[PDB]
Amino acid sequence: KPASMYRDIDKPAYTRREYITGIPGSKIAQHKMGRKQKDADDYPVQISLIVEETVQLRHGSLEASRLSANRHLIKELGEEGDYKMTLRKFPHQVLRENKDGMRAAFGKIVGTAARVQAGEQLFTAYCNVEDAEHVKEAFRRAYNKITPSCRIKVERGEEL
Amino acid sequence: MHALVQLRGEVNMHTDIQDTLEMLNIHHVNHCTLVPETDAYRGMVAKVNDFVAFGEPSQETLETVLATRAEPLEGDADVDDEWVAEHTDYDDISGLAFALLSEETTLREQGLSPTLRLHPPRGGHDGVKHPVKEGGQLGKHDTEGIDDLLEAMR
Amino acid sequence: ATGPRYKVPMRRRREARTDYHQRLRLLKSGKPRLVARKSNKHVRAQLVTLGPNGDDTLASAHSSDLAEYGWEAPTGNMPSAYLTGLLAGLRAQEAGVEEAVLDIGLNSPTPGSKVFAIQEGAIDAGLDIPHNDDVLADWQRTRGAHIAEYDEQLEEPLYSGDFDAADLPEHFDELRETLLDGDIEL
Amino acid sequence: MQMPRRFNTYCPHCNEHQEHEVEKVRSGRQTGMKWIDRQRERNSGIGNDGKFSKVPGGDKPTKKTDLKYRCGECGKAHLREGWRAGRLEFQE
Amino acid sequence: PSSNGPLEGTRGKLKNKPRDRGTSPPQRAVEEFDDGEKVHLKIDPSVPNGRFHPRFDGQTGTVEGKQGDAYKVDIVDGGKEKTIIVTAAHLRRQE
RNA sequence: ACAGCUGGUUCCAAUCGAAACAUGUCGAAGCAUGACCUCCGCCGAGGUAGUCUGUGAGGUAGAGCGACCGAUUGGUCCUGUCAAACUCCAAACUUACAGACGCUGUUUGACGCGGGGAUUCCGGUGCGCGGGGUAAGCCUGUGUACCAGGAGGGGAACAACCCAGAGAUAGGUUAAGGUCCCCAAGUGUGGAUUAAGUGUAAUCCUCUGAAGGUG
RNA sequence: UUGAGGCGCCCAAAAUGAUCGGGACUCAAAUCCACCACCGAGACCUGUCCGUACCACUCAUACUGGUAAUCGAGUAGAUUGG
RNA sequence: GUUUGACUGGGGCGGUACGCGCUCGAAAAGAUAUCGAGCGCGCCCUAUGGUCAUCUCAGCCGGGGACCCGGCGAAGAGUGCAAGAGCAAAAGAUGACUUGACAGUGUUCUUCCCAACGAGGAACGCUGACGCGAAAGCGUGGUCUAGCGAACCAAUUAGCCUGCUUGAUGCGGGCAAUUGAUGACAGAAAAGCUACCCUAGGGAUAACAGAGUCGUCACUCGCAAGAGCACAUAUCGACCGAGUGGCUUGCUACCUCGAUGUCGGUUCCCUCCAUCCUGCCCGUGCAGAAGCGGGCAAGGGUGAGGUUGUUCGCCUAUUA
RNA sequence: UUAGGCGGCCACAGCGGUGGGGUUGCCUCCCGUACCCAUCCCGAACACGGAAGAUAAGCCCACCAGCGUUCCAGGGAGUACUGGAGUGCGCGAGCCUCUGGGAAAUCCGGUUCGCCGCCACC
Ligand SMILES: [Cl-]
Ligand SMILES: [Cl-]
Ligand SMILES: [Cl-]
Ligand SMILES: [Cl-]
Ligand SMILES: [Cl-]
Ligand SMILES: [Cl-]
Ligand SMILES: [K+]
Ligand SMILES: [Mg+2]
Ligand SMILES: [Mg+2]
Ligand SMILES: [Mg+2]
Ligand SMILES: [Mg+2]
Ligand SMILES: [Mg+2]
Ligand SMILES: [Mg+2]
Ligand SMILES: [Mg+2]
Ligand SMILES: [Mg+2]
Ligand SMILES: [Mg+2]
Ligand SMILES: [Mg+2]
Ligand SMILES: [Mg+2]
Ligand SMILES: [Mg+2]
Ligand SMILES: [Mg+2]
Ligand SMILES: [Mg+2]
Ligand SMILES: [Mg+2]
Ligand SMILES: [Mg+2]
Ligand SMILES: [Mg+2]
Ligand SMILES: [Mg+2]
Ligand SMILES: [Mg+2]
Ligand SMILES: [Mg+2]
Ligand SMILES: [Mg+2]
Ligand SMILES: [Mg+2]
Ligand SMILES: [Mg+2]
Ligand SMILES: [Mg+2]
Ligand code: NA
Ligand code: NA
Ligand code: NA
Ligand code: NA
Ligand code: NA
Ligand code: NA
Ligand code: NA
Ligand code: NA
Ligand code: NA
Ligand code: NA
Ligand code: NA
Ligand code: NA
Ligand code: NA
Ligand code: NA
Ligand code: NA
Ligand code: NA
Ligand code: NA
Ligand code: NA
Ligand code: NA
Ligand code: NA
Ligand code: NA
Ligand code: NA
Ligand code: NA
Ligand SMILES: [Sr+2]
Ligand SMILES: [Sr+2]
Ligand SMILES: [Sr+2]
Ligand SMILES: [Sr+2]
Ligand SMILES: [Sr+2]
Ligand SMILES: [Sr+2]
Ligand SMILES: [Sr+2]
Ligand SMILES: [Sr+2]
Ligand SMILES: [Sr+2]
Ligand SMILES: [Sr+2]
Ligand SMILES: [Sr+2]
Ligand SMILES: [Sr+2]
Ligand SMILES: [Sr+2]
Ligand SMILES: [Sr+2]
Ligand SMILES: [Sr+2]
Ligand SMILES: [Sr+2]
Ligand SMILES: [Sr+2]
Ligand SMILES: [Sr+2]
Ligand SMILES: [Sr+2]
Ligand SMILES: [Sr+2]
Ligand SMILES: [Sr+2]
Ligand SMILES: [Sr+2]
Ligand SMILES: [Sr+2]
Ligand SMILES: [Sr+2]
Ligand SMILES: [Sr+2]
Ligand SMILES: [Sr+2]
Ligand SMILES: [Sr+2]
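So the protein lines, in turn, are chains H, W, N, 3 and Q. Residues 4 to 102, 114 to 174 (the authors' numbering) make up the first sequence, in order. Quick note on the authors' numbering: the second sequence kicks off at 1 and runs consecutively. Quick note on the authors' numbering: the third sequence kicks off at 1 and runs consecutively. Quick note on the authors' numbering: the fourth sequence kicks off at 1 and runs consecutively. Quick note on the authors' numbering: the fifth sequence kicks off at 1 and runs consecutively.
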């Protein structure tokens with residue numbers, strides 16, 4: 004199914020699992036990547052991927068963007084490199100589909127999405143000065159698999 | 001004391017806004033009333049903000065407007081210095097105009113119509129789609145700004 | 001105490017001084033309350049009406065201001081209870097109060113107890129309080145016969161200070177008589 | 001529900017409380033001499049008999065209480081508004 | 001509404017804020033109002049007896065006599081005049 | 001013959017001027033009773049479409065959750081997110097009554113009461129807020145103004161977009177919008193950008209143009 | 001070297017004849033920022049008349065005089081004069 | 001001879017949103033729709049009702065998943081049943097007593113906001129008689145909101161009225177109220193077929209065509225994991241993401257039901273490009289030859305046949 | 001109020017903690033069961049009678065802010081949201097300008113360890 008069916012935030016907040024049953028599990032493997040034992044403050048450079056429009060990103064897109072981002076970080080910095088990336092948004096909004115015509119139209123549950131407001135941080139990676147252009151490329155590959163246009167904002171980078 | 005001028009029509013206008021203008025004795029487009037500055041009266045012009053043109057007139061301008069557009073409570077009779085003298089509590093137009101500005105009396109209280117039915121603006125106005133800060137003619141005006149409109153509507 | 005959701009009871013309930021459930025029922029009559037309190041050494045009896053900023057006391061009597069009329073005996077017993085109640089009811093009649101309802105507070109409604117004796121006193125003073133005759137003590141226990149007959153089981157005196165040996169419940173009769181008198185400085 | 005055979009309650013006849021006995025109203029037998037019985041024999045002819053051609057309807061899932069409150073002293077009975085009860089048993 | 005009962009949509013108005021939980025103070029439950037007095041109708045969630053239909057919560061009626069201990073309060077519902085039987089516990093004085 | 005169904009029902013003018021909704025109905029192509037329109041008689045001084053202030057009602061927006069509740073990360077306290085059927089918080093705003101100003105009524109009698117006659121109960125559109133649906137010139141709510149039943153001006157044409165609510169006639173000035181021609185009015189002025197005929201397209205089924213990219 | 005903004009370009013495929021209404025337009029007849037003067041309704045102002053309503057006079061709803069900034073659009077329908 | 005209901009993104013099948021209650025929807029007063037989301041009621045209880053007395057619960061901790069003692073503990077316990085709400089010297093627990101779950105008659109709100117409408121319901125009185133309590137007081141059933149039924153007829157309760165000139169007897173007629181069901185729940189006693197059909201109408205509503213939409217279908221683009229002996233990018237290319245078209249399908253119900261002739265085929269004309277061939281090109285995993293992929297490009301061409309009504313599709317031999 | 005009784009508002013009053021205070025006065029603890037009354041067992045409690053002793057609890061008095069709370073300042077923030085208007089912008093989702101209102105979290109610093117009424121009383 005296309006994202007055009009679920010990208011907008013025009014529907015009510017539908018998250019209460021105590022009233023919603025049959026919700027498919029998140030396709031997302033892990034939110035904490037890299038060296039999850041080290042601190043975020045132990046890094047001189049902090050670069051975040053910021054979403055420019057207010058959208059709803061599906062779990063499949065969140066995973067597809069996370070995968071192609073971390074896979075580049077694993078390729079360039081190794082499986083145990085000195086970095087740590089975090090996916091701070093979780094897929095809370097439950098999605099329906101009406102799959114009988116328009117009679118009894120309330121659809122059956124088909125998935126989960128993440129309501130991300132404009133200007134919000136979707137991803138945040140912490141790295142060392144030398145590995146800065148690798149993480150800027152991990153995000154260039156990641157923003158290609160979500161719905162909005164994005165910003166690659168450096169929060170702790172006076173080294174340029 | 002502010003001078004209100006309805007610059008936008010009644011069609012599509014909210015009923016509660018329409019009725020506020022009727023309470024301020026202003027029933028047609030280009031009509032003008034002299035409203036005092038109270039809390040009660042300010043709540044009224046704020047609700048009319050987008051369909052009107054207001055601000056404080058200058059003594060010189062109020063006089064010009066009163067001479068040309070003021071009417072008695074009934075009749076065609078021109079309001080000149082002699083009319084004022086024989087019917088009002090003042091000596092001339094200036095004496096009445098000073099009282100209206102200092103909020104000592106109202107046009108109704110003196111036997112004059114609460115409406116100064118003006119002429120369309122000569123050279124036209126700055127527009128009825130935008131406020132004054134955006135280059136239009138709606139909302140609050142400068143004392144020099146309201147004069148330009150009141151004088152053009154002689 | 002714990003957080004924002006915590007409910008702290010009303011002040012006189014934390015203090016465990018007022019039974020607010022019984023108070024509501026007491027106030028439903030519209031009549032002034034005959035507040036009957038008892039301490040270890042003393043006994044209090046008030047006539048309370050409802051006011052705008054709190055309760056109003058129009059007439060009261062404490063067992064300590066009983067000695068002002070001639071008492072020379074202890075103040076936390078049955079004869080003292082009636083008299084403190086009679087003295088409260090008499091001051092009440094002078095205040096323009098005619099009827100009342102018995103507020104025993106947190107005390108137990110035990111038959112023939114001191115709070116019911118305070119009530120018997122006010123009834124005899126001229127006040128119209130809804131009562132029950134067989135829940136009150138028999139006239140001799142009110143007089144103080146139980147105490148005099150305990151001094152009969154002597155060997156050692158009951159009283160420390162010198163009032164008298166075998167005890168006089170006749171002092172009660174003499175005091176009821178002194179208060180029943182039309183003169184007396186109330 | 002369970003209900004006591006005898007209990008104290010108001011007798012609208014004696015104007016005072018007495019010990020009443022409760023009994024389930026036993027249906028009285030019909031005489032066949034009422035007006036409705038005469039109209040049945042009269043109005044019934046060839047073909048459909050209209051109202052007399054109908055059959056008694058169904059039932060409600062639970063019936064109401066159909067009791068008789070017999071007074072212990074004067075011996076006169078009274079009726080009360082009943083309530084829905086699936087089964088009504090008596091105690092003693 | 002999914003049902004036309006009296007307590008429909010009254011989760012908010014007939015519930016106390018956590019700190020206002022438990023038995024209410026008696027002083028207001030025995031308050032004496034005189035005729036002609038303007039009073040504020042608001043149900044106390046802690047008091048079960050002597051309420052009114054929740055649709056009238058927020059009205060400011062006029063006391064026009066009493067029926068037993070409860071008061072007969074005259075209100076105007078939209079344009080229709082109504083008489084509400086209510087106890088003192090759910091009434092507050094105007095001004 | 002009966003029909004709750006289609007069609008038709010013939011002269012002029014003046015005043016007021018809707019409902020397309022609620023309850024009941026073998027009811028949903030119909031009725032009745034209310035809302036609402038109109039007419040008559042009565043009563044007799046107040047009324048309340050606006051605003052301000054005062055005394056009350058409220059849990060939507062937002063927010064937040066070691067404040068309940070329930071979702072929902074990782075690490076050896078710290079660290080990562082949420083809620084139509086959550087709330088330690090909390091508006092704008094709507095709403096009861098009262099006072100004040102305004103407006104209005106006391107020969108145009110308001111507010112109100114009683115009676116006669118209805119029509120009406122297929123609605124639609126814009127805007128705001130919605131709920132459902134991939135969506136719809138979709139379906140179904142709500143507040144409001146409009147079309148319906150609203151001319152005239154503008155928008156190429158065009159029920160509801162803009163101006164504007166309109167007796168006849170006549171002179172004048174403007175509104176929306178427009179001033180190169182068609183076509184009334186500028187080939188106006190100061191400055192800058194664009195080289196694609198981008199553009200000369202407020203709103204829109206109607207006018208597209210996206211992610212991504214551009215020494 | 002890097003950051004930000006403006007206008008444009010790529011991305012960009014549809015069936016009888018292409019289009020901003022058409023012509024045609026390039027330091028504009030486009031776009032943005034200011035400004036100047038005009039054109040342009042039945043609106044607004046103004047002369048006369050008409051209808052309706054109310055006031056004065058009147059038997060009159062006959063004349064005469066007056067007031068309307070706060071009267072003048074209307075389907076179904078109620079009312080009334082011809 | 002008749003009946004064989006209504007609702008409904010047409011109708012039917014399914015379902016009941018056909019009488020009721022709670023939360024959300026509902027936009028912080030009131031009102032508010034959908035075959036809207038979550039889910040309930042058509043009883044049960046002689047105590048699980050009523051009053052009074054005595055008392056404080058879940059959970060955790062320490063001492064000897066039973067029991068005993070202490071401490072912490074405003075409420076997470078319990079309160080018949082949905083849901084929301086109320087409650088702690090109680091509305092919960094225990095104990096005892098009691099029958100007010102009483103008769104009569106009302107005021108008021110609700111049912112039905114506003115705003116008319118029955119049954120039903122509730123709040124709040126009074127009259128009479130009662131229960132408990134010391135008493136104020138509490139008890140008009142269950143802490144609150146679901147647990148319900150007209151006329152006619154019958155039975156039933158107590159007293160009384162009444163039946164044609166008249167008395168007696170029988171058997172009737174009535175005033176007041178209780179019970180008996182109509183759940184299609186403001187109440188008819190009620191099954192189907194019609195392609196043999198008929199009529200009244202409707203584009204108020206379906207099939208076909210158009211129109212909107214584009215989930216489906218077709219085509220493309222972004223990123224490029226991956227494989228391709230090494231090499232992403234000769235070639236193939238996932239995930240995810242952005243779109244174009246209006247050929248398929250689906251949706252909607254705007255247009256026509258006083259008729260816009262069906263599918264397939266045929267014949268004859270014009271067109272689109274997302275190009276199969278032909279022309280000119282680029283790359284190659286391009287020696288050549290034969291290819292593979294891509295670009296510009298719509299001038300011309302794209303044919304004959306076997307099964308099948310077929311469109312589609314399968315098959316044959318020819319063909320640039 | 002040299003310690004009391006009944007209250008109102010019902011945390012600004014709560015949780016926790018420190019210091020002080022009582023010869024015939026007050027409140028307590030305290031002493032003690034013949035009686036009224038009392039425990040499904042216990043004069044523990046309830047009830048009754050009383051002062052040998054005490055200020056250690058409670059209570060009354062003064063004070064501390066760590067926690068919870070009330071209010072205020074400054075910052076967050078005129079941000080979020082929003083009633084009215086717009087031939088303003090944007091393919092759109094949405095945004096912006098003008099006008100009238102205007103949070104919440106959190107941070108820092110103050111406040112708050114109850115206020116008030118009637119009565120009685122060295
Ligand atoms: Cl006491
Ligand atoms: Cl039975
Ligand atoms: Cl009510
Ligand atoms: Cl109009
Ligand atoms: Cl061109
Ligand atoms: Cl005529
Ligand atoms: K047709
Ligand atoms: Mg005039
Ligand atoms: Mg001009
Ligand atoms: Mg303009
Ligand atoms: Mg709510
Ligand atoms: Mg006519
Ligand atoms: Mg005429
Ligand atoms: Mg929110
Ligand atoms: Mg019409
Ligand atoms: Mg020209
Ligand atoms: Mg173009
Ligand atoms: Mg027949
Ligand atoms: Mg049907
Ligand atoms: Mg109904
Ligand atoms: Mg509401
Ligand atoms: Mg029948
Ligand atoms: Mg029977
Ligand atoms: Mg029905
Ligand atoms: Mg036919
Ligand atoms: Mg149609
Ligand atoms: Mg091509
Ligand atoms: Mg060709
Ligand atoms: Mg052939
Ligand atoms: Mg001490
Ligand atoms: Mg636009
Ligand atoms: Na179906
Ligand atoms: Na016969
Ligand atoms: Na309370
Ligand atoms: Na017929
Ligand atoms: Na109907
Ligand atoms: Na019909
Ligand atoms: Na919002
Ligand atoms: Na007034
Ligand atoms: Na309708
Ligand atoms: Na209109
Ligand atoms: Na036109
Ligand atoms: Na062009
Ligand atoms: Na007409
Ligand atoms: Na039927
Ligand atoms: Na009723
Ligand atoms: Na036939
Ligand atoms: Na498309
Ligand atoms: Na189609
Ligand atoms: Na054909
Ligand atoms: Na070609
Ligand atoms: Na073939
Ligand atoms: Na036992
Ligand atoms: Na002490
Ligand atoms: Sr929507
Ligand atoms: Sr993107
Ligand atoms: Sr016969
Ligand atoms: Sr027969
Ligand atoms: Sr049945
Ligand atoms: Sr509202
Ligand atoms: Sr020029
Ligand atoms: Sr220029
Ligand atoms: Sr079209
Ligand atoms: Sr557009
Ligand atoms: Sr772009
Ligand atoms: Sr092409
Ligand atoms: Sr006219
Ligand atoms: Sr007219
Ligand atoms: Sr038949
Ligand atoms: Sr269908
Ligand atoms: Sr009750
Ligand atoms: Sr006879
Ligand atoms: Sr059958
Ligand atoms: Sr056949
Ligand atoms: Sr070729
Ligand atoms: Sr053949
Ligand atoms: Sr086909
Ligand atoms: Sr086939
Ligand atoms: Sr002892
Ligand atoms: Sr788009
Ligand atoms: Sr302010």
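Rather than coming from a laboratory, the hints here were simulated on the basis of the structure. Where hints are given, some of them may not hold.
No more than 16 Å apart at the CA atoms, straight line, and that leaves these computed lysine to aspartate or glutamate pairs for EDC-like [unchecked claim]:
| id | chain 1 | residue 1 | chain 2 | residue 2 |
| --- | --- | --- | --- | --- |
| 1 | 3 | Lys24 | 3 | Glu73 |
| 2 | N | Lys28 | Q | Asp57 |
| 3 | 3 | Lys76 | 3 | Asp37 |
| 4 | Q | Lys66 | Q | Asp34 |
| 5 | N | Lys31 | Q | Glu32 |
| 6 | N | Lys31 | Q | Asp69 |
| 7 | 3 | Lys68 | 3 | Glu23 |
| 8 | N | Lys31 | Q | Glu95 |
| 9 | N | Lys28 | Q | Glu31 |
Negatives, chain Q to chain N, calculated, CB over 12 Å [unchecked claim]:
| id | residue |
| --- | --- |
| 10 | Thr10 |
| 11 | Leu14 |
| 12 | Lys17 |
| 13 | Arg21 |
| 14 | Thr23 |
| 15 | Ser24 |
| 16 | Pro25 |
| 17 | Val30 |
| 18 | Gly58 |
| 19 | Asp69 |
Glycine is no exception: its CB is placed at the ideal position from the N, C-alpha and C atoms.
So, going through the hints one by one against the coordinates:
In summary, the hint linking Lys24 (chain 3) to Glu73 (chain 3) is not supported, as the alpha carbons are separated by about 20 Å, beyond the 16 Å threshold. For the hint pairing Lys28 (chain N) with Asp57 (chain Q), the CA-to-CA distance comes to about 25 Å; that exceeds 16 Å, so the pair is violated. Between the alpha carbons of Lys76 (chain 3) and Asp37 (chain 3) the distance comes to roughly 31 Å, so the proposed pair goes past 16 Å and is violated. Proximity of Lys66 (chain Q) to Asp34 (chain Q) is assessed by CA-CA distance (about 9 Å); at most 16 Å being required, the pair is judged to hold.
Of the pairs offered as hints, the one joining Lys31 (chain N) and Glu32 (chain Q) holds, with about 13 Å between alpha carbons and a cut-off of 16 Å not exceeded. Our distance criterion of 16 Å between C-alpha atoms is met by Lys31 (chain N) and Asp69 (chain Q), whose separation comes to about 14 Å. At most 16 Å may separate the alpha-carbon atoms for a hinted pair to count; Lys68 (chain 3) and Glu23 (chain 3) meet this at roughly 5 Å. The suggested pairing of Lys31 (chain N) with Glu95 (chain Q) is violated, with an alpha-carbon distance near 28 Å, which exceeds 16 Å.
Note on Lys28 (chain N) and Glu31 (chain Q): the hinted pairing holds, with a Cα-Cα distance of about 10 Å set against a maximum of 16 Å. At roughly 22 Å, the least C-beta separation between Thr10 (chain Q) and chain N is larger than 12 Å, which holds for a residue marked as non-interface. Every C-beta of chain N lies more than 12 Å from that of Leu14 (chain Q), the closest at about 18 Å, which supports listing it as non-interface. Interface exclusion of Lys17 (chain Q) from chain N breaks down, the closest Cβ pair being 9 Å apart, not more than 12 Å.
Here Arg21 (chain Q) does not stay apart from chain N, with its beta-carbon only about 5 Å from theirs, under the 12 Å limit. The beta carbon of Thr23 (chain Q) sits about 6 Å from the closest Cβ of chain N, which is not more than 12 Å, so the claim that it is off the interface is violated. The Cβ of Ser24 (chain Q) does not lie farther than 12 Å from every Cβ of chain N; its closest approach is about 9 Å, which violates its non-interface assignment. Listed as outside the interface, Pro25 (chain Q) is inconsistent with that label: its C-beta sits roughly 7 Å from the nearest C-beta of chain N, within the 12 Å cut-off.
For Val30 (chain Q), the requirement that its beta carbon stay farther than 12 Å from each beta carbon of chain N is not met, with the minimum near 5 Å. Non-interface call for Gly58 (chain Q) relative to chain N: holds, since the shortest CB-CB distance, roughly 26 Å, exceeds 12 Å. Listed as a non-interface residue, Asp69 (chain Q) fails to keep its Cβ farther than 12 Å from every Cβ of chain N; the least gap is roughly 8 Å.
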